[PDB]
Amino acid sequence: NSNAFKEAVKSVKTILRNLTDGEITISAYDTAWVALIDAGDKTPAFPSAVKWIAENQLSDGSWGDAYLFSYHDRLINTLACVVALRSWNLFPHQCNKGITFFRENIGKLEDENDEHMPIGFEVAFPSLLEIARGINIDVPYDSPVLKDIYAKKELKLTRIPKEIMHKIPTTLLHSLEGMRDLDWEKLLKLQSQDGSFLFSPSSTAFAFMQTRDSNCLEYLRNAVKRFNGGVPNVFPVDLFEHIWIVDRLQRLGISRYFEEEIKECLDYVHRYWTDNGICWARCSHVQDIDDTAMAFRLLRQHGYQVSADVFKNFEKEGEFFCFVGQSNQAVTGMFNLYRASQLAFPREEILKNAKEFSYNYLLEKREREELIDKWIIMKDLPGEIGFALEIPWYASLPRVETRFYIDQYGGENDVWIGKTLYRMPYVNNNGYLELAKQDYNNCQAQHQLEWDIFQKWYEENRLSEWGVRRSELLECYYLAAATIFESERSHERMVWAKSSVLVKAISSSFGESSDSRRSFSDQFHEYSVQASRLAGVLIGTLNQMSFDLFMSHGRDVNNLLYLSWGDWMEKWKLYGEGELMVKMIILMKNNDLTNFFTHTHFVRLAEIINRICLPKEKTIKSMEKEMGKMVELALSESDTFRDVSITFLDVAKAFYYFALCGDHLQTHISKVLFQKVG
């Protein structure tokens, strides 16, 4: 909580409060199509788009992404801008430098092995070349590398279902500028509600040139105004931006700083949610599975009511697809489907099918070394997918997922792929990463203090002689700290860790028979020599914890502590650790939620947790089924009771993670607790 830290938090809040239709970089290709429009008197309709072009040429004469050089991106943006400038006979200094760049680099188009192909390049690029030849621009139309691209365009055009494109909304509307022989009377019926052709400024500019439709013009006027002459390759991106910012702040481990602002963002997303899902932009007649899956997951996680029926439209013969009627299955979309499918409730068959499909799809891509995505160049997509394949959501503890994501997140260096390369500065942001590194390291420093205190407690109480090994001590501390990690929740974190250790000692030391258990239970109330000693350890520890909470927060929970341990002991002697830990955590909270221990919803959750937290595949699957019921109950909870339901889910996930991964935790424990980020 340095001043600098607080100011950084305030800067992220200012971002969140001020989101509108998307902070997205300008596409020179799209700006050039806007700049081509004739106002009606043989002058540009948008002189500020022509100015943008001339002002934003790169020093080598190209246009495009300055920080990620791609021949495809540079050559299509540069050709478009030269066509725009030459068409009006304006800015010849820039126009000629662009022609020089094109002449010198066109032969290099295919030089980069792993270069990602801009969307629609193979139709859009030859189309621009034919415009350029029409206005007599002297570039090498006969460059040898250009034989195979032109062949591809005619092939693509014969495959497009052009009659369907005129009847129902499809993704083809985003790219009309490379097509010929269109029927505008039909296509105008498919205009989006903001005047665009599927949120593409270039496609909309071409439509306007062919139809002079006023609603196309208003979409363009609005975009050119917002971006001071330029336009992006897709706009708006309001839903994409709202959803991805929430996802990134959550995964980076810093979302608790932004609770109010995140609620407002998700209220916005929910306002535009529909029974058919969503795309990147509100109020669309085309939806996509990546936006739909991300919004579904975040809305369900935050307690909004959403139906898994939204996914039905994307399913075909047991497989799932990014868009209806297209074969694309992007790694990132299927990753986001896999994440969403894990929030399925027991009755949601379509998500069970989606979970199987997307898990197996990603497993195969990983095996074949095809974890590469058409929509984005990321720092570490294989790392993200690898973690998701290895650690299901039911086993994913907050600090474990965050510790790995902070090393995967690309910050400002990720680049998205549209018709041209683009950036999303409020999704992919180095300041978020710096805040996340600082916060992670600050919490980790506190955990290291506590780990020293905990080892001193273990040694002073001689717990090694009551059957608790050093390796177990570290596991108990880790599961608690990786779950309840905040510096201000030390009391909850430490009561869970110490309680779990004492249950192990008591069980190891007195759990063998009914006599041994009675012996211990009697000594607890009475406080056989041995049982009295371990009993005093337990009692001393409860007293210290309640005293510390009283001195720090004024809350007296002593009687509550003893009641809960008493209840656990009764059942143990006869024959429920999950429920004991949940009560302990709730007791140490800086408020009073213990009034809920009697509530029907508490009792229901307690019944389920005691079935998860058992005293192997079959056992894991049994736990998952019970987990599924807990999730549905917890996620459907009243706001005041939310903290309690969250606690049940916390404890259960720690148990599930241990059951699944507990044979080989060493690298996770080291990264989470003992290796600083950065």
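By rigid core we mean the largest C-alpha set that fits within 1.5 Å across both forms. Residue numbers count along the first chain shown, from 1. First, how it differs from the form deposited in another entry.
- Residue showing a CA shift of 2 Å or more between these two forms (rigid core superposed; candidates 414, 384, 373, 115): 115.
- Core-superposed comparison between these two forms: the C-alpha position of residue 147 differs by no less than 2 Å.
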Given for the second form:
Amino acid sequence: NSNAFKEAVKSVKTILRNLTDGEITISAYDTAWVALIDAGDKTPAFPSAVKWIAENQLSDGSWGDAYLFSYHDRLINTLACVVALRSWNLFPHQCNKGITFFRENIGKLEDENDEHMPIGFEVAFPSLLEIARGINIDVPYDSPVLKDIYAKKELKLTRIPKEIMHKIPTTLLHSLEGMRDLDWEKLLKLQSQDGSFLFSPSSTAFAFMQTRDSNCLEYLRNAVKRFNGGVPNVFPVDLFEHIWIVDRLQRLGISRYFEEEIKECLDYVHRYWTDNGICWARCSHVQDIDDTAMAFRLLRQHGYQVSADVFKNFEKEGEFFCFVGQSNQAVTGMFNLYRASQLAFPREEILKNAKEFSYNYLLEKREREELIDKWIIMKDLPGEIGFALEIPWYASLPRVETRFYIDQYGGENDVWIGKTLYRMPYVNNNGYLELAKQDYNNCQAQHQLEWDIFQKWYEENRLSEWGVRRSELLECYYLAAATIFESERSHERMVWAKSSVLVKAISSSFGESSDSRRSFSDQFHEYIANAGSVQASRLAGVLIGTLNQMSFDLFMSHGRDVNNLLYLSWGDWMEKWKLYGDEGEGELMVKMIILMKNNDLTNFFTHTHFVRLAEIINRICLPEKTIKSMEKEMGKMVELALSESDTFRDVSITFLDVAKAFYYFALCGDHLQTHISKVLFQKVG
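Structure of the form deposited in another entry, please, following the form deposited in one PDB entry?
Nothing else is written out below except the one chain.
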């Protein structure tokens, strides 16, 4: 590992250590609504917001996202800023440059498609127009395209459930700037614990203008401080940020470098977890299935005890929804629900239904090319989801998922759509992409070495004459490396790849008759005690030779002597195999891997939990109706494997790793040449 790299890791660590209320971009629109606020004496309550606007104008006269031009974005941002500037009679030059932009550009809005269109635009846009008309700003109010949105507003305003909106919490509280006669009597009772209206600085700034409420003021005051002048279009965004950074780091395959920092993150998220789920911000009376599903999964997969009853709230009539009691469905929310529902323990019927539903939703959405999210612009959503649709979590191996995700991750070019456009530099980062591209290529270089060495070994012991095909050789190595890929873990990887090749040699050479097995087992135990049968003795020598090479290699590195335990474990497999066909092959791979771990864990081979696990892994692994029986079994394994105190964890996971490898092979074994190719033989980039 070079120094540029070592430094990149430090930086990412200083980010994770310093996560706060969210690293989000300023929203010219939202900071213009904050800047419209009267202290009480006809002066801006928030000077710094007025100042931000005067100093962050793009050179073509507009405000908004500088690297992605959207007529919807730039028009609503500039209008708001010009209004803010003009009603304090401040900064004439920039204000004028701003109106010129708006005039020359309002005509183009009529032709951009409403496919990527901001939240509450048809309502919030005419509202500014009015404010502007009533301060004598010279803009085309008649404009063929304008009298058109004035209309869409009034018609959008009649779909609104005014009754409900005032009685119970809904997402509408986020977009109040556009609405008319509101009962602030009833609305203030729907305020959030931080004094905002659904964590929106513009909506809250509006409410304060109308109520002079002291809590809305406190919230706006913290926002203005946090971002040194400007404000985002959502705040806080802390839960969302924690959960998304973790998810990206794990998918990009570089999660292990930051194991400790990631634990602080999930710790923070568990702190503000609730029985109703969560939303993007801590302490909310509103929750969404997207944030909740991402948290549920990341938590359960890391041994936090969370409950699936959390999903009861988003379901009606066997369907699931983004927000409680709203009819909103989004592609990315269902996607994250589908990923979460696969971590279902055998008792959770709510998650069986969640899986079945989110599967079809995404399935149909695919067969209509409608796999795009209106709310977010990503490099490759259809790709991410295609992978999840064909490679179930039970069959997803670290290196395979990661290999595909590094090509899909958009880095800094991903753009989120709220009321304006905004970016999340700590979730969508080019730095993470380069780090991941460099790390992935290094481990792959290392696997290419081990694979040449591994071929030589296969030739030198003439394993081809023992019934092991070159196809099996590569498949045995690929599964080992696609699962345990870290360069610092060659021992566990190699022992796995070799042990599997050898169980294949022994099984195809001596597994036919009910005593030819005995013959080999006897030969093995004779070969042991020196501290037809001719043939058996030669194979046994290959096994023993390989066993000795590895336990000594280990002892060379760590000073552990595991030789006897290696033999014992292979003898146990035979006692079992001797009676029937190829039986407990699964349990044996787990023991090998464990025995080659840099630290000692043999203590646990005795524990009931290890025994119970071993009992299941062996019912998964055996020489369409069976694929089903596999999920059944694996279901029993997932509960047991994850719900573990963190001493035993490294054992339980290892069980999962092996089981996944088998399932994956049962599901894809027939055509693996594409995966193998991309994973082992094609550098990223």
